[PDB]
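Worksheet for the structure shown next.
What you see is the complex with one protein chain gone and the rest in place.
Note that the chains take the letters A and B in the order they are written out, and that residue 1 is the start of every chain.
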Amino acid sequence: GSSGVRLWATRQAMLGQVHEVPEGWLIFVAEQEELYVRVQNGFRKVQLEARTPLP
Amino acid sequence: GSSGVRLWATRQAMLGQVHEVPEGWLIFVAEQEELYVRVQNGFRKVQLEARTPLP
Partner (left out) sequence: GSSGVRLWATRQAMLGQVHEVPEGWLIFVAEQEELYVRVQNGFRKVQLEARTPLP
């Protein structure tokens, strides 16, 4: 078994496309800064803390 | 450095095989809807929220 992480630009695309992305595939909604993992029948959003500066 | 996500069907397989999967490798137990990441000496289960419908 194996998977990956799928990048997205808006919670738009990912919502009309979470249909394909097979089980156990992280789902990144970049503009929303949201990471969910594709589960059995729908998705389960993983908990992250507030952002840490980059510079 | 680089890794990936490893898919599984039951908390069975993943338990007798978490031995190989090297550090920093997410571990997905599909049937359990559990995502853990392989750490230094054992695994650290990542926190997810309750499932969001797919349809």
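To be clear about the criterion, a residue touches a chain if its C-beta (ideal position, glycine included) is under 8 Å from a C-beta of that chain, and two chains touch if they have at least 3 such contacts.
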Even though one chain is hidden, which residues of subunit A still touch it in the full complex?
4-9, 26, 28, 30-31, 33, 35, 46-55
Residues from subunit B at the interface with the omitted partner, ascending:
1-5, 18-19, 23-26, 36-37, 39-47
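One rule holds for everything that comes next: only the chains that are shown with their structure count from here on.
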Centroid distance [mean C-alpha coordinates] between subunit B and subunit A, Å
16
